[PDB]
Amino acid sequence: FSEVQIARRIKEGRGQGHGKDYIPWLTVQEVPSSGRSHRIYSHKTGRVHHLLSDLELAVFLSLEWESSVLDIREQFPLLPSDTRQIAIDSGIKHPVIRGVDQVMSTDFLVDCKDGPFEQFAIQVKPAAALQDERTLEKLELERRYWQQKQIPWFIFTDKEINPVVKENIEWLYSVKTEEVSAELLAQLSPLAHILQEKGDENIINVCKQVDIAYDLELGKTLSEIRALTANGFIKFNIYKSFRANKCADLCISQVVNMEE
């Protein structure tokens, strides 16, 4: 993936800062195989995050939903000196590509406000991947790294995905719209007001009502919300089908094109 030039990526700030200032070590451009990547906005961090698979997306959405989560720093880099030492102490070949030892990274490093632990890490991997010896070795390197720092670490796989969350993702990500036009975002403020007053009403009813009110073709507003939701500008109760969500279950943001 990366040559000795990694030194420059380190200078770019990759892996430093937090909130809107945090820069992932890996970005969507570093996505392998058919594995689809995602750039979703976060209300908590105020920035767009890079997820490298649908599984990671599912985890991110769960994190963004949690009230106790304060920050989500995805693709977090593990200090090379620490990982080389661990590789040595364990007798495991530190990740190498063409002789250059690679910089390892945990999928998510998250901070909390009142959970059991103020900070914890997560590695996302499909259950099947654990049947490969090399993956296990790499996972041990990662496990030890966090253990060394007394930060709880966990592995999240597909069988940890709530079925409802799963179907919600299947509805939101059959790629409908990705065009984040200033005009699409313009709909955030108006939509926020409507949803706020029609709070206790089912999201689908309110959607039809708006279509009628403004004389839009049936489904227009649902399509808009579906797009703003899939992009992270709108958050909802992922543990409940979107269609069963009340308007009060949705949360809209103040995001403007100043996302550079």
Given for the second form:
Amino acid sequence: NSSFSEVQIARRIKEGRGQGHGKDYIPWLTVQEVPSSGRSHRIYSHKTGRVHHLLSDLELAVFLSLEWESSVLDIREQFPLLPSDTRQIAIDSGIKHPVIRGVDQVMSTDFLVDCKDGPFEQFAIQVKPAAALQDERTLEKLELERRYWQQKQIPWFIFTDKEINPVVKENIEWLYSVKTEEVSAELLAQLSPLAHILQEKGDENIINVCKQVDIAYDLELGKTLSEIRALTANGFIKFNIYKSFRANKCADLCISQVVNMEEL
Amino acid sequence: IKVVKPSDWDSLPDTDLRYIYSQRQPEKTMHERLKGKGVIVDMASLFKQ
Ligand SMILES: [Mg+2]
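The form deposited without its partner chain done, now the form solved in complex with its partner chain:
Entire complex below, previous chain first.
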């Protein structure tokens, strides 16, 4: 479940969850804490070099949108809010602090983002289904969170399904319509050769190239696209999500050079 | 010091989400209200155009 006991909390604090930056960051919540009412996603990020933990399709949409922005430097998901601070805020605001079976819970903000330049050098985001904004308890918890970041002087915003760009939405539908395929060492080994092909065919349409690649190497119909699709869904390949994937040119795809730490 | 019940949310500060909810236009959603105030924003607004 998503609720923690006093020992579970203390234990997570010990392993330093919520601490670190970039590749050293460890999220407070993991896909193991995904609510039974949703779907989780584990996705690789070129910006952080980490495999992130997203607990809903909505969080996935926000993550992909953030990873697309050139100015984003770090993305820290499931960022924990200091209990002593939220404890005091609840008291001052007249709100019952989040608690499960008598155990005060550690609150978390879905994303804490750091940017290299631009309008906001740092901002926080809480993701919520729009319908949830009509729920009184949801609103109370959002107020606690709002006050927390206001206290820290860090801009905080709420993002709902209604803020997802329409093209981004259709791309996620296609990319994640079904259960994300597991990335084998064989599939991971395709990043390098695929990167070279996409590099020279930079000016050509990605779907055409995938098909021409199947014809060339006499591969099974739709083989190359299926590989690209799996690597993209897992994050090893990112593209211009604001444009239908089928409309992306090969130069729009960014392929990461990764080493399967299985050997070394 | 006492936990404010929904019926008294109309007495909270202007920027308190609970107060905003209490004074909202019932024919509209909370989403619409918060987006109008800039509490809810789309990705574009947070990055260089
Ligand atoms: Mg959330």
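Numbering follows the first chain given and starts at 1. For the two forms, the rigid core is made up of the largest set of C-alpha atoms that agree within 1.5 Å on superposition. Shifts are known only where both forms have a C-alpha.
The one residue among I88, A186, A128, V175 whose Cα position changes by 2 Å or more between the two forms, with the core held fixed by superposition, is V175.
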